[PDB]
Amino acid sequence: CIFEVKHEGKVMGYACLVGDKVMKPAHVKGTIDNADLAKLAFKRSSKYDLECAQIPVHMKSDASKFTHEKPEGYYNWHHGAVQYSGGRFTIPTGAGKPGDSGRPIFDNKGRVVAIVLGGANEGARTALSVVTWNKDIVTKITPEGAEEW
Amino acid sequence: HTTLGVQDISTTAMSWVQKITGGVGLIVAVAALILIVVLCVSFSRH
Amino acid sequence: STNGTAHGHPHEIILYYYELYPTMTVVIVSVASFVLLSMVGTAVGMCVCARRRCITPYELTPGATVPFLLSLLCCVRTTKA
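Protein chains in written order, with the entry's author numbering: chain J, 1119 to 1267; chain F, 1394 to 1439; chain R, 1843 to 1923.
Hints listed in this document are in silico derivations from the structure and should not be mistaken for laboratory results.
One should not assume that every hint holds.
[As the list claims (entries may be wrong)] Covered stretches of chain F (chain R as the covering partner; in silico rule of three or more C-beta atoms under 8 Å from a C-beta of chain R):
1) 1395 to 1402
2) 1405 to 1416
3) 1426 to 1439
[Said to hold, decoys possible] Heads up, simulated DSBU-like pairs for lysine-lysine below, C-alpha to C-alpha not over 30 Å straight-line:
4) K1157(J) / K1922(R)
5) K1147(J) / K1922(R)
6) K1922(R) / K1253(J)
C-beta atoms are modelled at their ideal positions from N, C-alpha and C, and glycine is treated no differently.
The shape of chain J in the complex, shown without the other chains:
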């Protein structure tokens, strides 16, 4: 379900097969490192900083079902455990660097909860700037002073 966006042979962010679309943050430079995915036609959406397309039939079995459901507590991401509370995702400062955009923040059942875009350093912890689902629609939470990763 997770695929990596490469730019000049360098991983910039990620792409994800959620629902029946193929997502990847709009701000991420590069092209999905997967033939089938790379040749697709994406529809950009600057409001959501999202850029979706449709999953080829032969990969649709590979999608992951997202969720608006996110109760205060700890979430999972590649570098460790993210913490959600006060309507804000945070992590120990240093555990997220430029080149981590696109990486999903899963919950314990695998549902993608948000997609990292960058983070604002506020000391001990960094408030993440993410793309998250609302009641049904996409949204973007960007803490004051975020540094786009």
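Could you slot chains F and R onto chain J? The hints should help.
Here is chains F and R on its own, set in the frame of chain J:
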């Protein structure tokens, strides 16, 4: 004494043609404002 | 002479040209062209605004379609496959 600059007559008819122009301008002005209003709604939504 | 009947409609409007003239009509035509340009500019702006509206919902995922009809002629046709 004639010999002056118009415009002058012919009323009605004249109004018929005049009324056709400028209305569409008002429409696109209103639509522009409405688009701005919706944009502000989106800005508020974010 | 060159009777300058009133109308109408229009018709007579052009008859006045002969009365007081060389000019008159050409300036009016230029004004009409300017009005057309304003009308065309408005339409172009409106189409760009229509894009601005369909924006956000330009990424992907269910959600119109839906408001895509009622939907300023695209909206749809657009939602679909």
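Checked hints:
| no. | hint | result |
| --- | --- | --- |
| 1 | 1395 to 1402 | holds (count 7) |
| 2 | 1405 to 1416 | holds (count 7) |
| 3 | 1426 to 1439 | holds (count 4) |
| 4 | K1157(J) / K1922(R) | holds, 20 Å |
| 5 | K1147(J) / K1922(R) | holds, 28 Å |
| 6 | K1922(R) / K1253(J) | holds, 23 Å |
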